[PDB]
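Next comes just one chain, in structure tokens: the form deposited in one PDB entry.
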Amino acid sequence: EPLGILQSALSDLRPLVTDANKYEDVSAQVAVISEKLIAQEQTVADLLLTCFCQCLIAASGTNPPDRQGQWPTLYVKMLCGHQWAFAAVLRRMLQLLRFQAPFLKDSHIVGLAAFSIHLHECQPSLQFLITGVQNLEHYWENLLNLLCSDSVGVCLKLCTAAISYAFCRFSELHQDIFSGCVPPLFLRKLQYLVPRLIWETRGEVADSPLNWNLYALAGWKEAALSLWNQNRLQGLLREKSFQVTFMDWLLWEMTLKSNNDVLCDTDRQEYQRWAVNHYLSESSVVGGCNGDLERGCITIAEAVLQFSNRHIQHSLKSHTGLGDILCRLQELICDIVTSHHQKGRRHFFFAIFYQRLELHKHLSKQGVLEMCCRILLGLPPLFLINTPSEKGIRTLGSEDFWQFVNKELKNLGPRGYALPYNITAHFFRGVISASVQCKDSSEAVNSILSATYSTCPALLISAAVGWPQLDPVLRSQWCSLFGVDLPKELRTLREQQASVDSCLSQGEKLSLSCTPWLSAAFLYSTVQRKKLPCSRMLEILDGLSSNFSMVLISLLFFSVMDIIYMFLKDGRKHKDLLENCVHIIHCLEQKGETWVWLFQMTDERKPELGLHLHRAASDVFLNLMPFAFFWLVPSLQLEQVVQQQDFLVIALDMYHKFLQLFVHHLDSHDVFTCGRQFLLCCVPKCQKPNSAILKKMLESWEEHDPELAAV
């Protein structure tokens, strides 16, 4: 009968406590026997916890806690001295707080809070055979960082009775050592949950509470308010072990479930619009900003780049407080670009991304370069531009989005030669929303888009690929600000597109404007978009121009990249494309040119036309170019790829890279043979011992390092 005696004892302990009968405690030791007579159960926990939760409220009324006795200490001892029950009550408490958080009473809460404090007093209570937790301290965060997200109206009515009990138990001594009785974390969530829920104590800057009135209180809006004004507390949450800060606030507001909250969506945004301003007017000793605004955006981005890491969340957690935060970050960005002393420097907000990409140099182009966009979009299309104000002239330019977009194009693996569209519209839509500030709003654009074409090609080629979805925006904007003719750099593009969409129909001619690699993009993308074959592209073209070949090279490049994309999707070859290219080559082989310098993954001697192309291509792809160089080289003549200049110096320098990938096993044969037969009837460098050496082992370098000397 391990139960009957249990209830008999925990009942005899009921009346014996109404009066502090001296030394009437050994009846505690008795229960030990009972517990020793019982060691699935999950009831000993509740049986032993209700004794406390009921004897407290039963004695209270006869006397206040301080003048109550030495009872709870001995109870906690007789409980903890058997390190198996102490491994259960914790579990039942955490189990009933979370799941049935609302299905609780107003008299069981305090019964757990006081027990929690009493636990904190017996720090020697430390068990190690409890998976998930190591020490006691961890338990507090473990349960509270789950309560303050699922249900907030129970982390306040549980972190208030604890204080109202501590300030009635130990409120006899401890002028200074008081701090150390309560657990620290309790005394922080208050500082974050009280104002939020009730406004009467937002910004405003006695003996004791009403003698433990909680047992027959009239509410919680006055028991949480009769305690926030207590001059003994407001002079207590200033030490370091009770100091809430700015980042540690975002980390908790980002985790509130929109649903299960208690505030309407049009009331939990005033709280943020106030707090974000209360933490910007502070000192850094506390952790808050010193009155600036830079440190108010750096510190909101450095948290979003830290809360997503634990939410990989493949393709569910309810709508987090996230998003809202990013709306209180643009209401603040419109206050440092719209001003009269701009001095428009933006080196910051980008060096913040140069760090996360160096922690692991969840790859870069998987889950971090998709937040450097979700952020960079929610902003206005003006922040991407500098807007200097040297002497009121207020010229235009950009040097921190180019130097950066040249290292985030590695994101879009779909195409490889292009950015996405949604990050190319903001730019062109910004240079139009910034010229306004200038005097002649149609003489800066001509300057920006002319400095471009030489510093950030990768942005135009993503326009060319999207023109028919973009023109009716720029036009309707320049015709909505002021009805004046377009500039000479958002117009040339319309002409170069119309000189295409017509001549593809029924055939007339092509105009061949100055820069090749833009006309070629227009042409190729239009073909692809109209589903035409690859035979019109090659007949509607000049034959006597000095700017013909430089179009065909560029046309071969996109074909290569499309092959490579088709390989990274249900790996195969897509035979048809391998034909187009060879035609292209034959369309330029009776002119005496050199197409083999796209396959130089360096910058040694490539004429200026490649750099402006390779500096637009991702690096996920140029690591594969060899996977495409040994498919369309053998599909050519065995002799029309040798009259060139320095051929094999690319061939074998590329085979050196075809191996690192292994460590198409069926393609190893074709590479081993085609990069083995040319080496006889090749350039006049060597006549033997080079094919032998190549057959020896993977020592092409050990001999080439000396062979390339003479050649």
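Residue numbers count along the first chain shown, from 1. In this text, rigid core is short for the largest set of C-alphas that superpose within 1.5 Å between two forms. First, how it differs from the form deposited in another entry.
- Once the two forms are fitted on their rigid core, between these two forms the CA displacement reaches 2 Å or more only for 582 among 247, 582, 498, 371.
- The Cα shift for residue 433 between these two forms, taken after rigid core superposition, is smaller than 2 angstroms.
- Relative to the superposed core, residue 215 undergoes a C-alpha shift of no less than 2 Å between these two forms.
- In this overlay on the rigid core, residue 183 has a C-alpha that sits 2 Å or more away from its partner position between these two forms.
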Given for the second form:
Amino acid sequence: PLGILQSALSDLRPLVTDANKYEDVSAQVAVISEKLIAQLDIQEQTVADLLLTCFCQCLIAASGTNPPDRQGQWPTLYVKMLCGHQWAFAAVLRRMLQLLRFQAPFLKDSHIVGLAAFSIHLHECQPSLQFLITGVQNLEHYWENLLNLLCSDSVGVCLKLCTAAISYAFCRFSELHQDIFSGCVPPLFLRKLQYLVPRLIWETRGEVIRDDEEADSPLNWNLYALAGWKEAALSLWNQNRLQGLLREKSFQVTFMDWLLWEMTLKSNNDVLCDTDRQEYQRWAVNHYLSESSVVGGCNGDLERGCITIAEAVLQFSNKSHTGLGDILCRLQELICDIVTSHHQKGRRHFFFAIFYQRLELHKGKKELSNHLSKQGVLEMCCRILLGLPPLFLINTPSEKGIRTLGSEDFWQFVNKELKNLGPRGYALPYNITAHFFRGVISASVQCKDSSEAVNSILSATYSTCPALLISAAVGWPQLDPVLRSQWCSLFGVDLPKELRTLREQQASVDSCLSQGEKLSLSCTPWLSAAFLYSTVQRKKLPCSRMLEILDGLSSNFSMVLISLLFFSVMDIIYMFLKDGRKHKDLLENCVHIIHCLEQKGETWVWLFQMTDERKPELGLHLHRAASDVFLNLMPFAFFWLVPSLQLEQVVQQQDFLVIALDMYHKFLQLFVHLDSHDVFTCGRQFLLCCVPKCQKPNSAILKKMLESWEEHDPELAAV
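Please move on to the form deposited in another entry, as the form deposited in one PDB entry is already shown.
Shown below: the chain alone.
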């Protein structure tokens, strides 16, 4: 079956020497007549390399008699025959894939030219392949896959190839007006030889000289008797007809496609040393940075440069990576020229804007598919800030003869779209809450005092952006030596008065836990109850040894006992989302509640209310530090822990019923069972014994329906 196939398919070469006078047809009829009978199986893995190779053979057979200009009426015919079938033309594609992926690094130097000429001739026939494993579209959705995988793994081959699917097309498909010629070759080959050449082959970047002695002449078809691959792709980049062709729009290269090619080329694959791979870029960036905007580029707007780089980085996420690090180093190389200038007119606002607009597209709530992309882009938004620090980009000083050091930005980004980033809820992670401190330490040099500015910053930080101090406290032990060393490195004097009170509080806590000394209180009941909580929770000590050491008689006591209830009902959850069912610390809260009762009341509902109607100050200094992933999930905890109490939760409380309903409304808007929604009866019971506004028996019968509002809104007016 195949022996005769190899014979026939090999009986072609003798024909094509001089007698190529339309007789290469009946042999094609025979090829097709005998081909009728025949995971990369062996039937296909072998026939492919048999059809293809006949090309690499016949081409070289005929390229000795005459060049391709005059001959070349067989190839179109052979390829039209091949494409005439379906179960074979779909094997050559995958075979060439495997043959340029695995063996590509070393196959041959003349089994290549026998692949370009099969690419091109696969273009002038525009065949149909709508059905295939992956490629659903026409070829144009196949060249890009191949070329991209290849230039990501192997570079030298990509150029060895691109510069051979061109030279075969200025010889062939010549002698025709320059208006329709450009439709023969595909665009991407040129759109990529506009990129590779000046990367590998220097001397052609625009530095040295333009040598030209043979510019207007059909270049020699010498690839079969050549001298190297550095004069077949340079005797082409210097031909006028091409160098004047890389100006159309059908194939441009702009400063958002350069990245997505260079930002995915992993070292250990390239062919350039480090201190050349880091000159290519510094040349490129500074060539798409002095280029018009109608073309891909930005005139001189460093701002626009950084903007584009960030917008590209965000569009690649779709850990350890090497290429991305170079881009994130060029960011610094660019920015460090800004902070040392103190624009005061174009300031950090130009940057953060990007995030806000990349973070609105994912507002179309759906089936657990966009939230993921949201946090995935957010983690990258964070990784960046850690990748373009001179470490005080996040600081907005001023100038009126002095420098004030304020930071009016990064306080909104945090309060809005960063606090909902990491675990533990109320806190941030310990990789971004150190940049702010190691930044105020490093920007406190410009001023004249260097010990007062820091105090002003950290005194302002109490009102706005409190979620940073808590993230420090929760992560202080691995943060003290850092600063204690930085300061001594720069100045070498005592510390200020607002970076050591935290140390004093930690030390007091520690020295008081071992024995017990009725801990004091620094008039700040949402700080001094974070230390006290985190130390315990890390050293595994229980409750009894947590609040047994408070000395509250008339000072700030209830607040230090409510902050703990908050921090204790925001970690019942981190132990639910994290592969769990229920955690045993609610006893701590049932004890804190009894301790608040022993005092003069000091109600606890400020937490379980989302609006800002009458929530006292700390009650809205707390929720301004949480994450909207939890606050949308409190009712769960509310109805978990409530049933452990009765006969005092209402009759001596204020605004209970209202809050219970405000919650039970949201307990439904989550989904769209018996072990989760059982407080039906609970809410039904609290009514019969509550602060009777009207509540005679109406709301005891209305819970038998889905209208907690059909009559409640009016049933409150009678209060």
